[PDB]
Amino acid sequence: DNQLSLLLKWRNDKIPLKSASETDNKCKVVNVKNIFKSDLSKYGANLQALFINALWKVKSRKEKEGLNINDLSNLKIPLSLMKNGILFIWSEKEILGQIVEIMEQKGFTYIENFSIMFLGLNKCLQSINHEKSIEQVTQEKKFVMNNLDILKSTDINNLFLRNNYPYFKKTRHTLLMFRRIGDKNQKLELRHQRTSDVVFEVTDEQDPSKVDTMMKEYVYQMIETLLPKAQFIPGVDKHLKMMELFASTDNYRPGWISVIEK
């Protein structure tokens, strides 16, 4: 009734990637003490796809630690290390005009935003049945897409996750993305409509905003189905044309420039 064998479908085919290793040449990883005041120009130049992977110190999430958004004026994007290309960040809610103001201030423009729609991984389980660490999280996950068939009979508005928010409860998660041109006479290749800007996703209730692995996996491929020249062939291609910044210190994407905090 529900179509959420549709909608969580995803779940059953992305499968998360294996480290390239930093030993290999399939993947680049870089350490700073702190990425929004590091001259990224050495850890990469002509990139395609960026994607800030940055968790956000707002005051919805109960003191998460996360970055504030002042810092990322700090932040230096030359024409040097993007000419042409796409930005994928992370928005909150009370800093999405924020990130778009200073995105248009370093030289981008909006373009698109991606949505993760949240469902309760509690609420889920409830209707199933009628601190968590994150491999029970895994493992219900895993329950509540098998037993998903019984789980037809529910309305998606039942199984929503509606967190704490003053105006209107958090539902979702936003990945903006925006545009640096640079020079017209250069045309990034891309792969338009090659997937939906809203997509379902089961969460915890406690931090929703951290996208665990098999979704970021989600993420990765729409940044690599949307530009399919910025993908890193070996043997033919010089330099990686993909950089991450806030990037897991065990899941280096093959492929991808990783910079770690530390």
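Positions refer to the first chain, counted from 1. We call the rigid core the largest set of C-alpha positions that still match within 1.5 Å between the two forms. What changes on going to the form deposited in another entry:
Positional change of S21 between these two forms reaches 2 Å or more at the C-alpha, relative to the superposed core.
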Contents of the next structure:
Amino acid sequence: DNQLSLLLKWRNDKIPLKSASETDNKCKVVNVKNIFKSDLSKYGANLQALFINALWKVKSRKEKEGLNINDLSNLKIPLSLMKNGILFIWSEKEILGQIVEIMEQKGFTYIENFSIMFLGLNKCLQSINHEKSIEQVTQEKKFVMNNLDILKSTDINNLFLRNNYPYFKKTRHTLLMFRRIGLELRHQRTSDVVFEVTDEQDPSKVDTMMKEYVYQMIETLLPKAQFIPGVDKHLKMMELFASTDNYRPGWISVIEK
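Could you drop in the structure for the form deposited in another entry? We only have the form deposited in one PDB entry so far.
Since only the chain itself is given, any partners or molecules it might have are not part of what comes next.
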């Protein structure tokens, strides 16, 4: 009926979240006071995948800080930093057009979108039974995954999140893919839409085992971009506004410390 055992199959499938890598040749960490107002060309060059892990300070979000969209144009992205690379950026409904126009001014061609459809944790809990911390949320999600054959008689349209927005109700999260040319991709290996059950507080802040899915999607877009130690000497993947303790191997993590 629901087919939720197939919609959320990845959530339990053999997709283990990766552990943080130590400061060694398999990774690289950079600490900068400000990312937009700093020269990023010296940290790396000839990149072909740049993931901007940006959390925007939009009016829909209930006054919990973040980046400013008007400062994105201040960011300098020279041709030396990448020549032909795909740029991934976290979008919001308020600033989609501004992001598109800024990436056009910088020389990037909008190519693709990626969407996460959000289901409610409380809705699934109520369907199964009848200020939470990270550990409590994780264990509640494991519980919901365990009892996946109980709520299969429900209707999916009753499980979606309905977040506030002056026009509609938010149910998805958006990742924009822009292209620049001056890469031997594998094309259609990941679906354009994914399903995820999440808490209703900060659905924008993609958590672990969801950010891991995004990392795997980005890494399988470019199979030739794998950083095999020894044969190569420079990392060809970069992330801005990364996590201070979780260092993904093969990536250059830039921390706004």
